[PDB]
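K.L.:
Spelled out from the first residue to the last, the chains are:
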Amino acid sequence: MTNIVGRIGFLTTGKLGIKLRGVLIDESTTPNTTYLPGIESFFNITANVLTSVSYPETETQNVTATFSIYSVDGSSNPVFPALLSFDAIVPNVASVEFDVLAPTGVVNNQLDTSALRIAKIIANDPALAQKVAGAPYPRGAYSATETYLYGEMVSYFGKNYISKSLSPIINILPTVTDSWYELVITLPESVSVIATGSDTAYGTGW
Amino acid sequence: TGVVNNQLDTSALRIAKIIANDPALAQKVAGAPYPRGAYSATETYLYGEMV
Amino acid sequence: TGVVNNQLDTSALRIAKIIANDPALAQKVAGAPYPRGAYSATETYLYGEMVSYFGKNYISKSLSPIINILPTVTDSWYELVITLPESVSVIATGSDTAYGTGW
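So the protein sequences, as listed, match chains A, B and C.
This note's numbering puts the first residue of the first sequence at 191, with every later residue one more than the last.
This note's numbering puts the first residue of the second sequence at 17, with every later residue one more than the last.
This note's numbering puts the first residue of the third sequence at 139, with every later residue one more than the last.
Just chain A, with the same shape it has in the complex:
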């Protein structure tokens, strides 16, 4: 399920048809619903605004859907010549804007090169550069109340632990090496280093 939103220019009034390209399955309802392709769901666009676009998501099952824009006739019916038709996947998110799901010239054969170009773009715009920059991302001190993302560095018991989980972690102690890196502090050499003690005299069971 996704509530597509957006505005479409140069068309005060029209229809937007979404038509599936494969079989979609809704297993939520007891009799597993089977949305079949070729049947076009029509939504209104009024005053250049996507009125209410609620469509089942297709990213999970990776099913393509054709979005087409038509002018409305005298009886407000979609004249079939599609002013703008294309294929896209509805993401499994609460809301997506019609802008992002718009056709692109990047075919598979031209894939890697495109990414290459993207690199310099991200390297040029300072906003994108800071939005994507890899860094320790200082956070202050560790606390279990708030979550932590990848790369974020916290302080715990005098030690510095950098989160290394791709997923958010909450109430995970920094000492756990499976989710935190814990950079080890560099040691000076030409400094007095006599600092021992805590003579506890273990019993070979430590």
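Hints are not guaranteed to be accurate.
[As the list claims (entries may be wrong)] Derived Cβ-Cβ restraints for the label pairs, each shown as a range:
| # | chain 1 | residue 1 | chain 2 | residue 2 | range |
| --- | --- | --- | --- | --- | --- |
| 1 | A | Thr223 | C | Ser225 | 55 to 63 angstroms |
| 2 | C | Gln165 | A | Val374 | 25 to 33 angstroms |
| 3 | C | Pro203 | A | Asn282 | 19 to 27 angstroms |
| 4 | A | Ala272 | C | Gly175 | 56 to 64 angstroms |
| 5 | B | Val19 | A | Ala272 | 21 to 29 angstroms |
| 6 | C | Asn144 | A | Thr376 | 30 to 38 angstroms |
[As the list claims (entries may be wrong)] For the chain B half of the interface with chain A, some residues (derived, Cβ under 7 angstroms), not all of them:
| # | residue |
| --- | --- |
| 7 | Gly18 |
| 8 | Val19 |
| 9 | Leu24 |
| 10 | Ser27 |
| 11 | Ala28 |
| 12 | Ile31 |
| 13 | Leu41 |
| 14 | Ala42 |
| 15 | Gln43 |
| 16 | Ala46 |
| 17 | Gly47 |
| 18 | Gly53 |
| 19 | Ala57 |
[As the list claims (entries may be wrong)] Listed next, the in silico DSSO-like pairs over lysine-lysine satisfying Cα-Cα at most 27 angstroms (straight line):
| # | chain 1 | residue 1 | chain 2 | residue 2 |
| --- | --- | --- | --- | --- |
| 20 | A | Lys349 | C | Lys199 |
| 21 | C | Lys166 | A | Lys354 |
| 22 | C | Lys155 | C | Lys166 |
| 23 | A | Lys321 | C | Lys199 |
What the hints contain is simulated information worked out from the structure, not anything from laboratory work.
Idealized CB from N, CA, C, for every residue including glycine.
Chain A is fixed; fit chains B and C onto it per the hints.
P.N.:
Chains B and C only, in chain A's frame:
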């Protein structure tokens, strides 16, 4: 002026904007420091990985 | 389950997901620091190249290559903050001392 459309150059900008605006995808192109843990000779390390 | 016309979808979001998810294309879109080692004059440092200088880390931001220009001058380099509070390992781990075999 002449007619210029230049959609192919707009495509790269659009995709870069989408990647930057999404934290999940932005994480996977983040930057050089990739934490891994304590060093061990039995594992394979990629460019930027931190030990 | 599946679609016959699987080659028709190029919708920016999909391409963004494809480029991010693939390790090779993700590595191509990297930017970021490029480690090179201790700073020295002769070495030509390109954009994003990151060096160590006087105990700090400096990433070059000059879009043009630079030579002999010190990492301290902020016109072409910028420092990578660490912000380490209440440090633990400073001198105790450095003791060792060379004596003691059996006693």
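K.L.:
If you draw a straight line from the CA of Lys155(C) to the CA of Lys166(C), is it 27 angstroms or shorter?
P.N.:
14 angstroms, holds
K.L.:
May I ask you to test the hint 19 to 27 angstroms on the CB atoms belonging to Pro203(C) and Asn282(A)?
P.N.:
45 angstroms, violated
K.L.:
Does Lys199(C) sit within 27 angstroms of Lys321(A), going by the straight-line distance between their CA atoms?
P.N.:
The hint holds at about 16 angstroms.
K.L.:
That 56 to 64 angstroms hint for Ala272(A) and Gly175(C) (C-beta), does it hold up?
P.N.:
58 angstroms, holds
K.L.:
Hint check: is the beta carbon of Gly18(B) less than 7 angstroms from a beta carbon of chain A?
P.N.:
Violated, because the Cβ-Cβ distance from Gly18(B) to chain A comes to roughly 21 angstroms (cut-off 7 angstroms).
K.L.:
Within a Cα-Cα threshold of 27 angstroms, do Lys349(A) and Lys199(C) meet the stated pairing?
P.N.:
31 angstroms, violated
K.L.:
Has the given pair, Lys166(C) with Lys354(A), been kept, meaning a C-alpha gap of at most 27 angstroms?
P.N.:
Holds - the C-alpha atoms of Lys354(A) and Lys166(C) are around 21 angstroms apart, at most 27 angstroms.
K.L.:
Should the hint that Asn144(C) and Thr376(A) are 30 to 38 angstroms apart at their CB atoms be regarded as holding?
P.N.:
Since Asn144(C) and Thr376(A) have Cβ atoms about 52 angstroms apart, the given range 30 to 38 angstroms is violated.
K.L.:
Under 7 angstroms is the threshold here; is the Cβ of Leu41(B) close enough to any Cβ of chain A for the hint to stand?
P.N.:
9 angstroms, violated
K.L.:
Min Cβ distance, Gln43(B) to chain A: is it shorter than 7 angstroms?
P.N.:
For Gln43(B), the interface hint holds, since the closest Cβ of chain A sits about 5 angstroms away, which is under 7 angstroms.
K.L.:
Please verify that hint: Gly53(B), Cβ, nearest Cβ of chain A, below 7 angstroms or not.
P.N.:
Holds - the Cβ of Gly53(B) comes within 7 angstroms of chain A, reaching about 6 angstroms at its closest.
K.L.:
Does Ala57(B) pass the interface hint, meaning its C-beta sits closer than 7 angstroms to a C-beta of chain A?
P.N.:
This interface hint is violated because 18 angstroms lies over the 7 angstroms limit.
In this structure, the hints that do not hold are numbers 3, 6, 7, 8, 13, 19, 20, in rising order.
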